[PDB]
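Position chain B relative to chain A; hints supplied.
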Amino acid sequence: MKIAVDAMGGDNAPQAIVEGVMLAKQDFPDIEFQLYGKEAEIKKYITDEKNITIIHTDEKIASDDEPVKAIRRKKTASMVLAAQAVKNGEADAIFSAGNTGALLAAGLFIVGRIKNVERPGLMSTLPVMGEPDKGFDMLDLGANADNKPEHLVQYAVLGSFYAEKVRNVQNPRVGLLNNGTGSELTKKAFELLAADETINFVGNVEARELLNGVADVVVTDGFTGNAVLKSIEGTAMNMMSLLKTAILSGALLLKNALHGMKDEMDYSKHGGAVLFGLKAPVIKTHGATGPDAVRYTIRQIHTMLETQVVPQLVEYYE
Amino acid sequence: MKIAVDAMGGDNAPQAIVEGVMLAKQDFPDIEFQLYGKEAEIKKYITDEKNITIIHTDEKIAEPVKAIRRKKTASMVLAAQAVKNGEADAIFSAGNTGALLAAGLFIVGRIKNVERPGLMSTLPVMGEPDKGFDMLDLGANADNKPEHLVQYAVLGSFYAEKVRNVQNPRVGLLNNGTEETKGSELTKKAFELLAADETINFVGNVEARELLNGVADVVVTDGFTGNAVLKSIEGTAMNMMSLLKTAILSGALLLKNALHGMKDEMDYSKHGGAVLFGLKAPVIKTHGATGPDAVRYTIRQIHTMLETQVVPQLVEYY
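The listed protein sequences correspond, in order, to chains A and B. Heads up: the first sequence is residues 1 to 181, 186 to 253, 261 to 329, going by the deposited numbering. Heads up: the second sequence is residues 1 to 62, 66 to 253, 261 to 328, going by the deposited numbering.
Isolated chain A, as found in the complex:
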């Protein structure tokens, strides 16, 4: 087991990335990590050198170079090197808390997509209210800005594989995000999904209930998925802000309420966003990650590697 790590991506990188690896080393004593970045800045945070190699580079993907030209031209950016390592068979998986668009490009043009999957999907395990050991997979969360009916069908297939093999959800319920109990897209996707007996399709799901466990896998196009996810996050943060302001004004019940709301909404506990439908595990850790979300990303990677979920996808399609 070997993981290539973009050490330079993230608001708190390289510190948060390295420290998150330090913690994950304790979870997983035999994983070897390759840390791609400027070694001087990385070394400052290394606490134990075992199963660590540093690959030095002074290049990193900028805020903001355009993603496909940066991937094709900045050949030594830390993220590019990490992805190339995976492509080469030098590593088994890559994660970055860096720019999402760049990682998508690296995923498409360096890691490669599984043949017969035209459009990989950005997928996260999201919150089920009251259920800390449950979640639901939703995709596409933003790999694509346009989708066709056939993409959403393969999202159901991809999402089900992950929910079942990685999260142990047997015969997972697949719902289609729609505008009632739809568009030309969702109309056609519904018909294809209802016709496939190998998918446990549960019909249309409503955005109002997404956080209440209506399906194990929710399928949508990348534009709607992006807008829904960020709508959920923006509303949650705005509700939490209201509490913070009252707290910053008996106060203990209110601090506990805020803490509990943060916990319910803390879905990076389940890992990062999988760029799923690619030839190896590639994860987008959220950009404001500290060490914990890095550590949860590595746990998710460990599970994907140990369950061989990507190689099974490959033999399924390829």
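Warning: the hint list may mix true and false statements.
[To be verified] Which residues of chain B face chain A? A partial, calculated answer using Cβ under 10 Å:
{"#": "1", "residue": "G101"}
{"#": "2", "residue": "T228"}
{"#": "3", "residue": "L263"}
Simulated from the structure, these hints should not be mistaken for laboratory data. For each residue, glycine too, the CB sits at the ideal point set by N, CA and C.
Relative to chain A, chain B alone:
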């Protein structure tokens, strides 16, 4: 000024609808109301008979379009028909959204040269109870063209400027990022069209995470995305509220004040119902769970639309 009222639509109808009209008659003693529905039910809640006509029918809408061209006697259709016939200036209903959408489109009719009417609501801005932002389409349509979003920007600007007194209203395009480039096929072309239109204060791309924070006065989107965004916001807000409600019911006062303040920030029906906008007369959808308050705010909104002549100014424009 005559308003046609669907007395039968809504959870709490007709109690809540007539109680709403009773209050509105005190705000506006010279508006005449026609209350469509069965009179034995309607009369029970009349508390002053001045300026109230009842049009009896025992039929009410339980398929939208089919049930509209068929049930010529249903309370909603009669009310919608009356404004068509020129017997009433405006119509509202707390009944089914689809049927009111059908009734608005097919009976009231669209302003000529507006392609698709857009469902529009003034939505919250955090910390600012005298401010809002108009968003459309929130679900009249499940598919849209780039040119429809240009119209939505104009319609929204007229409403924000003439009805809500917002000068030179900022128009934002809901998009998947801030860059011009950046977007689905629909939003790439809409961005270009909106930036060329000299009628509008186009402010560029707005992101869904920040919608509640006053980033624009008018936010423009397709009906599928707008429905998903709106319902995502509501579903998230209600879930946060449930977390507080469970804490309360288990310093308890600081919690119920927090819950109450949260409900107040999200209580956007105080600005009126959802406008079926781009139609030939004011037609508004009052929320299904309405009491007398949201009916009364609906009446105030139509009073303002009529007084400001917003529909006439949109005909002129087109």
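Hints, verified against the model:
{"no.": "1", "hint": "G101", "verdict": "holds (8 Å)"}
{"no.": "2", "hint": "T228", "verdict": "holds (6 Å)"}
{"no.": "3", "hint": "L263", "verdict": "holds (7 Å)"}
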